[PDB]
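Encoded as structure tokens, the following chain is the form deposited without the partner chain, with no partner shown.
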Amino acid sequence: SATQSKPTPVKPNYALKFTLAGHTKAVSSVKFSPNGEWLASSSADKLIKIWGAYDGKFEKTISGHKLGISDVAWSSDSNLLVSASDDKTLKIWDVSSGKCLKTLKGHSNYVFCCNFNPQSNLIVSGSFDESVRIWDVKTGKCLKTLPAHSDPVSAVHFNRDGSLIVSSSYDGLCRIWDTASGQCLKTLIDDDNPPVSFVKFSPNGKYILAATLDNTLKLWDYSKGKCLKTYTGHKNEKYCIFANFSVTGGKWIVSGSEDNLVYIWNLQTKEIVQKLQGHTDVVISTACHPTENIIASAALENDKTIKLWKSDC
């Protein structure tokens, strides 16, 4: 009919815009600055790199860790980074100068994961040493050591007001902790216990998104301790692969995958809505831009690049 019209899209159309080369070993994490201007990457090459979020332009390299870095995270004001390294330390960095402000010492094995609280006065870390540590940003001192897990801690994240921390571990548990006291408020262990390789709070703090090493992501209502959504079809049995809530356009879940693709699901229906092809190794990390429909993806040693993808919705 002459009245036929183009239907409103129900899937995104992410397309490759830039490939970011410079790391010399596997990329381990990518994160967008809260102000939207920058992308930070960490690598097994012991370096952090900063790139422009919209143009993919290399900006600077930040260096000082003695061994590879598994995770990097921004402060709320986009002025600081914290990194987690195999050298058993975290470092706090002034992004503008590239200088190390503090070295956070206390973990007894690799530090795998890190995050600032919303206020950005605290940092949370998780380690192969099975502990979660809470650090004061201004002093660099460890405030609390939580005997959180019985195997390596794969992820740590604060909720939206900082009052809670969620941790995950290869022990098969996710635990929720009261930040102020360090007490465990809940353990999620519904059914059997495959290693949990990633967890984060949803942006409203009412759910947790958790990855397990059986090719499965789950959205849990942890206040009810019930699984609301399951996302499958990707490959994840080996690596601690980040996942994201994409909120700028359509409401998606985004993850890397061991088949070298970026997977995007419809959060509500659980349908795979896009698979982004181009990387030549496992996609270990993805990040979603805070205001624009932009995904960054990063891959392991056969690839060593970060890709920026943009969608109309």
The other form holds:
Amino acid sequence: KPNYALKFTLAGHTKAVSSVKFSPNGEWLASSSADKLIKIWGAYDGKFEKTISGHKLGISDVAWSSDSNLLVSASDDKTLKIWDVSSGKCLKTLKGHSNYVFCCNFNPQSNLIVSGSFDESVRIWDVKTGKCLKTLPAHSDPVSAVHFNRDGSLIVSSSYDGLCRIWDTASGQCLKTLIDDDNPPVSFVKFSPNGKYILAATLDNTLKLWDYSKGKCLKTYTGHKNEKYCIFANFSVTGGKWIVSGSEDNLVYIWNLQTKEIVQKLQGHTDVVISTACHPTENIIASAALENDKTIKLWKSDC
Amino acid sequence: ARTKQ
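With the form deposited without the partner chain done, generate the form solved in complex with the partner chain in the same format.
After this comes the whole thing, all chains and molecules, with the earlier chain placed first.
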């Protein structure tokens, strides 16, 4: 089992934190917030680095380019913004969604961005030009998450409409719709690091690992509280192979991926833990919490 | 935003 212990608490956002993400090169943590700001923090020491500003309304998600140089953020102002982290400049403002933008990611290559919106679509954008390339009529309710697979050829999306769908990046065609025996809102999805699986959260307090190719649910993770918020979930891969997620009882849950047992619960936050991220090389977890808390915490384990 | 609803 891991032994995550609290190392730093990061204060600075003035409203609920919405997402935290570690840069691929391991140097930085980025955070986004309902306060319309992105903040950068040292990944190892928690030291505040800088604030990146410009959105007109709250931000629900932020994501790093694979070279750790750029961020993309998704906002209630109905835009995404692409940022040069070093200069703090907004390179492009991506206009096209007709309602709040909720989720975003670059492809592993980092020439494309995928976004999901309250407008029920998924859009794919050219990073260099900031132009929308394709609009997929993906869902019949808000899109909660979007993620590219390992080679960028597929996109997975999830929605309040109860579906996870997998899309061909190049053609835009729907290649698969995944749903289990009940239809709760799907609140998060992402491909596994090896690209074989999809990890999906549903708003019935459940995480599931699906074999994408087979269209089969292989593992269920339960024990946490998740009925209300779109809480991120992670694969922790630096030490033991875990699944990590925030929870609506203000804890971070960690499960053994293979056995599905809870291996640790991290206590310390004073509101719902909406987002967690796992460092790419060290056994470090960042967690972020909602309006009554407003902090980010860094936890470290020996394994 | 994600921090509501």
